[PDB]
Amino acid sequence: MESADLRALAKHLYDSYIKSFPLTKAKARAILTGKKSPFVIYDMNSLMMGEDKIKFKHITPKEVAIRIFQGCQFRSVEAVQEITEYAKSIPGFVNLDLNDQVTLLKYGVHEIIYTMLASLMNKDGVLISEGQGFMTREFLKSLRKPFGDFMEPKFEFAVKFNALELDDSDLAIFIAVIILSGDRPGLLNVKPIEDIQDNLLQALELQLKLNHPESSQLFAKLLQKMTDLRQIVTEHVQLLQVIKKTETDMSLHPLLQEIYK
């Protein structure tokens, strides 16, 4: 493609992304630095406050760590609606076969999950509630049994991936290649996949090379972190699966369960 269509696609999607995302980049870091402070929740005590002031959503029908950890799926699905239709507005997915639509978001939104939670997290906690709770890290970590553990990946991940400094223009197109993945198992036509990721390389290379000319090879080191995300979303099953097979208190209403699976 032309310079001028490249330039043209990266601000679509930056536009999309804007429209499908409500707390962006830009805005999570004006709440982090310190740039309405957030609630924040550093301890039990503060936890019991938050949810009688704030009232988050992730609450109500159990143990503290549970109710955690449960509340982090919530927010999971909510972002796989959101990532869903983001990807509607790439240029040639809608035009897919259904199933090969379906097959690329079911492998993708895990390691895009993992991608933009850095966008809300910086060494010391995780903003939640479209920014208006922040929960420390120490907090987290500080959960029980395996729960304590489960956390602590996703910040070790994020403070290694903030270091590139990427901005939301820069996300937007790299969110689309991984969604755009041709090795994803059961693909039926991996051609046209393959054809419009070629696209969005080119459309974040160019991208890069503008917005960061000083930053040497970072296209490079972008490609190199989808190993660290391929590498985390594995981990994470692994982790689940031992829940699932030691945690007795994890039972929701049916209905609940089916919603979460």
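Positions refer to the first chain, counted from 1. Each form is matched to the other, and the largest set of C-alpha atoms that superpose within 1.5 Å is called the rigid core. First, how it differs from the form deposited with its partner chain bound.
- Once the rigid core is overlaid between the two forms, residue 251 counts among the residues whose Cα shifts by 2 Å or more.
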Second form
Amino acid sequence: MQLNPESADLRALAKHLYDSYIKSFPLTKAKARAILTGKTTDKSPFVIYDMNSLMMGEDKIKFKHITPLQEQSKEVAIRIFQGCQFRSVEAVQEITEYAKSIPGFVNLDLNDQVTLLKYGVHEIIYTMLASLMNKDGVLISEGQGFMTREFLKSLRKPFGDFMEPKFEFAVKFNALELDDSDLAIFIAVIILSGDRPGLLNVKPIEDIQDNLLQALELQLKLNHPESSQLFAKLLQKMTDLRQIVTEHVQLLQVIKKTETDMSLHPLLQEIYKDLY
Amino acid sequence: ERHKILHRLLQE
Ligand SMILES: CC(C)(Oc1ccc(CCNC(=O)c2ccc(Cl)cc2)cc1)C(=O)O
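Beyond the form deposited without its partner chain, can we have the form deposited with its partner chain bound?
Expanding to the full complex; the earlier chain stays at the top.
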């Protein structure tokens, strides 16, 4: 490893992605851990751990997505599902905006950009969800709330089965001890995966992911002295992410097939369309 | 075409 103008560019690329990553997503991992451990001047998330606390929460948490004027299923599982949909729709936009700040992405074929976003979005979502999770639960409503893992497991089938695989994934992933600087490059690597179905102009994509991959390895070698294999361990995680997405799609089809036509937001349909 | 919203988002 060397200090040459190549690596200097790698580091400049890392700072750019980080700077953009910070301003593209609301709740960074650094803030989330702080919240998660009480180390914050911020109030403290309202904890939802049973039905009574869920109800008390819907009153005393100001959810970005509801108004006193709409309804609003009677069934808590469906309501929780709906808030998730809204959060995912927002995250798709934050991810798009972030994708556009990746040097070169915006010059790809516009059709390929769509394809990269379609497949990358949920992988990035689950990657970043881990930042909000510990083994007990997950930050919600931009850290205003915290919903416990066991409360999520107790929602009626099938809904009680959506978050569990994400918690399991998070526990393992959080053990990598990545920080936001690491994560900004990693999620860029995900977006620029040249092996997504239907790409038409793969070469320019691989060239960008290549630089991204160098910026990532340099970053992890600089940032994690006590971690001999972080780069490969992290690449392998891109694999478990694809299976999490796949599993999530198959459960999504228990809904729809067996729910009540409590339908998916069209942006979300778009993404799931001919996914896998 | 099949991703009209995603197209929009990237075109703005
Ligand atoms: C919404 C739906 C139908 O299924 C899902 C249900 C629950 C969750 C997890 C809830 N958390 C989030 O959606 C979420 C998304 C982005 C960020 Cl930065 C934080 C949190 C994700 C996805 C989906 O696949 O989009």
